[PDB]
Amino acid sequence: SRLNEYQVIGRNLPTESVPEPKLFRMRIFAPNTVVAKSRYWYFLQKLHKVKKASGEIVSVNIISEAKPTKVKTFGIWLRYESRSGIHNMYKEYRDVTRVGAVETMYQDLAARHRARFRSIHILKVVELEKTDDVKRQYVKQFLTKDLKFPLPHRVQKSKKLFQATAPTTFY
Amino acid sequence: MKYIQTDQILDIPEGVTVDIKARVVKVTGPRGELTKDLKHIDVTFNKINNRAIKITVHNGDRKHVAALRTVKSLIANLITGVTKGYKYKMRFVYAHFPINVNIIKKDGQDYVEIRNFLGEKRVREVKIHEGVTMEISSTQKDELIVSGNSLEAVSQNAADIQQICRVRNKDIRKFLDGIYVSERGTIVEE
Amino acid sequence: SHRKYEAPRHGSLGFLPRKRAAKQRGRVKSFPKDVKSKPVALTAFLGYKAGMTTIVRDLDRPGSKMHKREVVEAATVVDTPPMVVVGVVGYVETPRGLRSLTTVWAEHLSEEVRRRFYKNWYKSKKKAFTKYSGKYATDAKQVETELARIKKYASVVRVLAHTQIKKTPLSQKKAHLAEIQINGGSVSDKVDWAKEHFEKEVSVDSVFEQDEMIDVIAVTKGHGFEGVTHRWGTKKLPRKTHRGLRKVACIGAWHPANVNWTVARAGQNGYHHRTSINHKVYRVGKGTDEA
Amino acid sequence: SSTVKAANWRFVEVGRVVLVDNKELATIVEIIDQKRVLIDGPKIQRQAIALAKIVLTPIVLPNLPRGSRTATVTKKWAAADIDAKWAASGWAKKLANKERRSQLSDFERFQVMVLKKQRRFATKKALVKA
Amino acid sequence: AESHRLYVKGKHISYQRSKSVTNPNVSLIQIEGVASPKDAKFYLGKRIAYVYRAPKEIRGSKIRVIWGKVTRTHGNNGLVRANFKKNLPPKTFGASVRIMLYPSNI
Amino acid sequence: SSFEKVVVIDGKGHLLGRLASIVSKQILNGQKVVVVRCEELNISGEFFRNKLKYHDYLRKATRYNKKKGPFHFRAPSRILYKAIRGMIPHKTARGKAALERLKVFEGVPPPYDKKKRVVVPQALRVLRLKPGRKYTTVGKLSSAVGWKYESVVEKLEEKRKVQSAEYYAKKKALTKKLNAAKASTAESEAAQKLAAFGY
RNA sequence: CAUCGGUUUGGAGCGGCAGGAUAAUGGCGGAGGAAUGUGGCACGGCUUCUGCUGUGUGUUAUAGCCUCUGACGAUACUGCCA
RNA sequence: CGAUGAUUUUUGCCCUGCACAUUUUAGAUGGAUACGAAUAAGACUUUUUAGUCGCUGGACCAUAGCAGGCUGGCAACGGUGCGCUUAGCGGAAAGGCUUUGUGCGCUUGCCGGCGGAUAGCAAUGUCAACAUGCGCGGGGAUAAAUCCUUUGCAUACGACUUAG
Numbered sequence: 002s003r004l005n006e007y008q009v010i011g012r013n014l015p016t017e018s019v020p021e022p023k024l025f026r027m028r029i030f031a032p033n034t035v036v037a038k039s040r041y042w043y044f045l046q047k048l049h050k051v052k053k054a055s056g057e058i059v060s061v062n063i064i065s066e067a068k069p070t071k072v073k074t075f076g077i078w079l080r081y082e083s084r085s086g087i088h089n090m091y092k093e094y095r096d097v098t099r100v101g102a103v104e105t106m107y108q109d110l111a112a113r114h115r116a117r118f119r120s121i122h123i124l125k126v127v128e129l130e131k132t133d134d135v136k137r138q139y140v141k142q143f144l145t146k147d148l149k150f151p152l153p154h155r156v157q158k159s160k161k162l163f164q165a166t167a168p169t170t171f172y
Numbered sequence: 001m002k003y004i005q006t007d008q009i010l011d012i013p014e015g016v017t018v019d020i021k022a023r024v025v026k027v028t029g030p031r032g033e034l035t036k037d038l039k040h041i042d043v044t045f046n047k048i049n050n051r052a053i054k055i056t057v058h059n060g061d062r063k064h065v066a067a068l069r070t071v072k073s074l075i076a077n078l079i080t081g082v083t084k085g086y087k088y089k090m091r092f093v094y095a096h097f098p099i100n101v102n103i104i105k106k107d108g109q110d111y112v113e114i115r116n117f118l119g120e121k122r123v124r125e126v127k128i129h130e131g132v133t134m135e136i137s138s139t140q141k142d143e144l145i146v147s148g149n150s151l152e153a154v155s156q157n158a159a160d161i162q163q164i165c166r167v168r169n170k171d172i173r174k175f176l177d178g179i180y181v182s183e184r185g186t187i188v189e190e
Numbered sequence: 002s003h004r005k006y007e008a009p010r011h012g013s014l015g016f017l018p019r020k021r022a023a024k025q026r027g028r029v030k031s032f033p034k035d036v037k038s039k040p041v042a043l044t045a046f047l048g049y050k051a052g053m054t055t056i057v058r059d060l061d062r063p064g065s066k067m068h069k070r071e072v073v074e075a076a077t078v079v080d081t082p083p084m085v086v087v088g089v090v091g092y093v094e095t096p097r098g099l100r101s102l103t104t105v106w107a108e109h110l111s112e113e114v115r116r117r118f119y120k121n122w123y124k125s126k127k128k129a130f131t132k133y134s135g136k137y138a139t140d141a142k143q144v145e146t147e148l149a150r151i152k153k154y155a156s157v158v159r160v161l162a163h164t165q166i167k168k169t170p171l172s173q174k175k176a177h178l179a180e181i182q183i184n185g186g187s188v189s190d191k192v193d194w195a196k197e198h199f200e201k202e203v204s205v206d207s208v209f210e211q212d213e214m215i216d217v218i219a220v221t222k223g224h225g226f227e228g229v230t231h232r233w234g235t236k237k238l239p240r241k242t243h244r245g246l247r248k249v250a251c252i253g254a255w256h257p258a259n260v261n262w263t264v265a266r267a268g269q270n271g272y273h274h275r276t277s278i279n280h281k282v283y284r285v286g287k288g289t290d291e292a
Numbered sequence: 002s003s004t005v006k007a008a009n010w011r012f013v014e015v016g017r018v019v020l021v022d023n024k025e026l027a028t029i030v031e032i033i034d035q036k037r038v039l040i041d042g043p044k045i046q047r048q049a050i051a052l053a054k055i056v057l058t059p060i061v062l063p064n065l066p067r068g069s070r071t072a073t074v075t076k077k078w079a080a081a082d083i084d085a086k087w088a089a090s091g092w093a094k095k096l097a098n099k100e101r102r103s104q105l106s107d108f109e110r111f112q113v114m115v116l117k118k119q120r121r122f123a124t125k126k127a128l129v130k131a
Numbered sequence: 002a003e004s005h006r007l008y009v010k011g012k013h014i015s016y017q018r019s020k021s022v023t024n025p026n027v028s029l030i031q032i033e034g035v036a037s038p039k040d041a042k043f044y045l046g047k048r049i050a051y052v053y054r055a056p057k058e059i060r061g062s063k064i065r066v067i068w069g070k071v072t073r074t075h076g077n078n079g080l081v082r083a084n085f086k087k088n089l090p091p092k093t094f095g096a097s098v099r100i101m102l103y104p105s106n107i
Numbered sequence: 002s003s004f005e006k007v008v009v010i011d012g013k014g015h016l017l018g019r020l021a022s023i024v025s026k027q028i029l030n031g032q033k034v035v036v037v038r039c040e041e042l043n044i045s046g047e048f049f050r051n052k053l054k055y056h057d058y059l060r061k062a063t064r065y066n067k068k069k070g071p072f073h074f075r076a077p078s079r080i081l082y083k084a085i086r087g088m089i090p091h092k093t094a095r096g097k098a099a100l101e102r103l104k105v106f107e108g109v110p111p112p113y114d115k116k117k118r119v120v121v122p123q124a125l126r127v128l129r130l131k132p133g134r135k136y137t138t139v140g141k142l143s144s145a146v147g148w149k150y151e152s153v154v155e156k157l158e159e160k161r162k163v164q165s166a167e168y169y170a171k172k173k174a175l176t177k178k179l180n181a182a183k184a185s186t187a188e189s190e191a192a193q194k195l196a197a198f199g200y
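Residue numbers (PDB author numbering), protein chains in the order written: chain 0, 2 to 172; chain q, 1 to 190; chain k, 2 to 292; chain u, 2 to 131; chain AG, 2 to 107; chain w, 2 to 200.
A portion of the hints provided could be inaccurate.
As the list claims (entries may be wrong) - Cut-off 25 Å, straight-line C-alpha distance, at most; resulting in silico cross-link-like pairs (SDA-like, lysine to any residue):
| id | chain 1 | residue 1 | chain 2 | residue 2 |
| --- | --- | --- | --- | --- |
| 1 | w | 183 | u | 43 |
| 2 | 0 | 73 | u | 72 |
| 3 | w | 135 | w | 3 |
| 4 | q | 26 | q | 155 |
| 5 | u | 6 | 0 | 168 |
| 6 | w | 178 | u | 113 |
| 7 | AG | 87 | w | 183 |
| 8 | q | 26 | q | 42 |
| 9 | w | 162 | k | 93 |
| 10 | u | 95 | u | 52 |
| 11 | k | 281 | k | 225 |
| 12 | 0 | 141 | u | 107 |
| 13 | w | 67 | k | 217 |
| 14 | w | 33 | w | 97 |
| 15 | q | 39 | w | 79 |
| 16 | w | 178 | u | 123 |
| 17 | u | 130 | w | 183 |
| 18 | w | 194 | u | 25 |
| 19 | w | 156 | k | 184 |
| 20 | 0 | 92 | u | 36 |
| 21 | w | 69 | k | 16 |
No lab work stands behind these hints: they were computed from the structure.
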């Protein structure tokens, strides 16, 4: 989707036995706060004896990128369901925002594994600080010194249906 | 994976002048000139110096990268064809019936005429490609020498001669008769 | 269900439709391919079927049981008086096929060929080719201009020739006029050859030699409306079949719910255009020879 | 010699001046992917953009380090005087002439026609004798 | 003086329609040189004339007109919806109309 | 975007179906279209694949009478015409008129050899196909299935290009002379004012 | 044609206000650090050292970058304007 | 779909210069404005090293004058329309593209004088190419086919091959 990173905090409803239950935080990549709070309860019931009916959302906050114009490399740890089983995988993405790497991930597993949004768990998104942290060659090839490349065969978009001159692709 | 860039380096010997313009390679050497069109491939060329040429593929996938070292090898074969030549030697293999091979000329064209192959009355004729020289070896009994500047033409004439002498309706493990390429080298020994 | 037993189809689907020829004069569908290195020569001739005869001949075919031995063979006589050249046509290569560019005629045409252009000759003023005959007035530059156009643009040159049917015993007075392609030499050579032969006779001995293999173009014998039994050679039905037996019993399955084009049906038999090839020339006789 | 004809492409490199929206200049400061770059300029917002949305110009801002911040890019842009180099090219001149033509009024178009008539008279007079 | 045109060239393209049902009360018009809804919004409210020839003369003239006006844009490529006093006959699909420069708001 | 009296399209290097759809919408909307050089059109996919497709097309014929069935035209212009006609409601009077607005040719016959041929960028093979893909030339596909006049068209196309080259050399020479005359009248009062107006 | 009333679709619309990490950035200042190490230095292959260049070293020099942070100043986004 | 022959002695037919009036239009309303080829390439200059052009036709040509009137001058010896006229090229469906001389106009290249109203505040406010007919004028040419009789290379009848 078009996503945002949210900080969602929730807890079990206080009881006279437990008047200050533990506060649990999750980082959720969701298009809006309605899905952000929905995804939160989805993962807490995978981890704790809690429900939306027996729990309480305490805080929902957008987490903005720290340096949105600094180019980073992200490692994303995934747990997705295929047609046959459940698999763990790790992939890497280059982007300037943490959210935009997760958006690329969702497009990428849709394209390479036919994995829908419902079939994916994001275990962890980590910015790889060191160039030695980069394991995948499809993003390591852009970390070489003095990187240059042309864009051969440029196709120019025309406003008109008919053109009176021969087409060209220089660039 | 779309490799960002892949490179190969041609090496040009001292007397050879490669010449590339719009993926049309013209290699000139002491032995003559050879030309090759590579318009079916998306490659670019950079002259590093008079002894090296860079061959590059930009943002190429696995197969388009695979087509790069073959471009290098084809141009290298052109280079070694105009400076050393190519020589394929064929040996005549027969158990009973001697194979009578002659270099004949009919209608102004050179032909290799194979007779008596496995005793057959049929006369096999193989057209000799342009730029390719056939010779019956004097130093060796039952040997044909296929030589020329173009490796592709030389090897294809050798293959024509070998393929026209195939055995039919027999156990070819037993009936091993034929004309086979025994040595693939160069005219100028190194 | 399949046929109980197999049998080949009756008749050829390559000679459909079995209709009457559009004309009685057989037309050369294809001429011999032109070779420039050869001399300029005609590729066809028109004659009249006289009759059949018998010859005796010594066979020269080694390995045959009739080798060096006399054979008795059927032969056909074709009456072929010399044809007269009266015109020339130029053809142009186009992306839609050959196209005739210009037709140049001779100055004088005989009456037998001018009757070709009439349905009622006896009631006519016989005005054909009179203004064209006037085109030759004292310089004939119109004719030379058309001939130059043919030389400049034509790739295929055909001559126009007619038979001298008055030399045959036929009571018909119309000559038969046909286009005969000229092969050999350049286009200019062909046009010069055609012009120099205007109003001249061309004999068979200048077109065909003895021992040649030639083709025959003709319209076959007409038989009128014919039933399937003789038109297509189908099997006669049993003697005890109701409503007759010279039929095809099943003219189709239930589906396709139509009669197919491949089923034998009654219709017109004979009078078809045929091209028959590889007829050997045993004799090119001469009319002046008394033997 | 060898005489190899080489491509005269424009490269995606740190220091390339690009047009954005066919109006404004920017420079590439760092490459993200085959498809995306980070661009910056004095009169544009530092942003991650796709190379399809921009056009590489024949101008390179020399000696621009990878990942340079806005202050460094602005200082080096002013030093190299990229704006003047752009404004001196036929590309920028054609863009400017297109804008100027688009701002003409009906009266100015009439004057253009009249002056064109005069210049055509002079041009034909010169052409017939040469 | 070789040109005297004061209207923009147009074409009667279609009726308003779904896949199978057409609505003759709305015509789809292509204004020449217009390729976007932003360009086509200049022409909203302008009067359209379909000029045609007829067998009978009316007051010495064989030229008749059906008048209309541009009401709204259509789609993304600069076609407009038009509303004529009498519906344009279906035979005019592909026929040229005149997009008038009035009511002017320049 | 202008309405033209006739749009003459040079069909060389154009993808068959994309050009067909664009031309179909053009002629439906009342525009006269001429497509020349239909033997230089392109279909995506290797030659063998498109030849197999045409043989699938040839398989189809009316069983009870072959003369009623589909008529498989072999000429490149007729292949383009079939592609276009499949995109037209050709069984109505309006579709029939729209098809009357169209002409397709092999080569560039008169009078179009001395007219302006345009291209259609949305249907150009060099601009549409990924640079590694294989394509077919309709002229080669037509010859492989029965078209007889390939060598006639190329002989006539070489003659036309020789004549068209003489045209261009003459036109280029007069452009050079006119440019030299416009250079002489530069920096004149009329020229300076026209430069301030953008001309 | 004008103006009105009802309904409705728009504009590259314009302005004011509020919220958020009282946006995150960026710019300016301070402190620390590293490399896809700038200058320099030491060895080299081609250069009359003509973006010459490669490999080492180390930490701003004849480029810069990253992290933390201090006082300001904006913008995005989402709402509100009777 | 092409080439070619002949096309009514009738007041009928053909070609052509006008003049007028009509029917029709799948839809004029300044101009269909002509290299070829590649596209991981094109084109300029030096030098084959390098620099420059494109990044769309929002271009080019044409465009002022009662739908464009009537007159005058200046500057140039150009531009353009029409009519004769010279020569050449074009056969893919050429039916078009050039070109010589000449004559009559116009010229907005520049500067003048006179005219337009009232169609009333819009009403397509009527201006085109193709065709046909009809009047004149100038030239030009002067047929066949079918039925019928006949034939039998044909044939159910039509049709076909012949002859008259």
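- Message: Hint compliance check: list the failing hint numbers for this structure, sorted ascending.
- Response: Hints 1, 3, 7, 11, 12, 13, 15 and 18 are the ones this structure does not satisfy, whereas the remaining hints hold.
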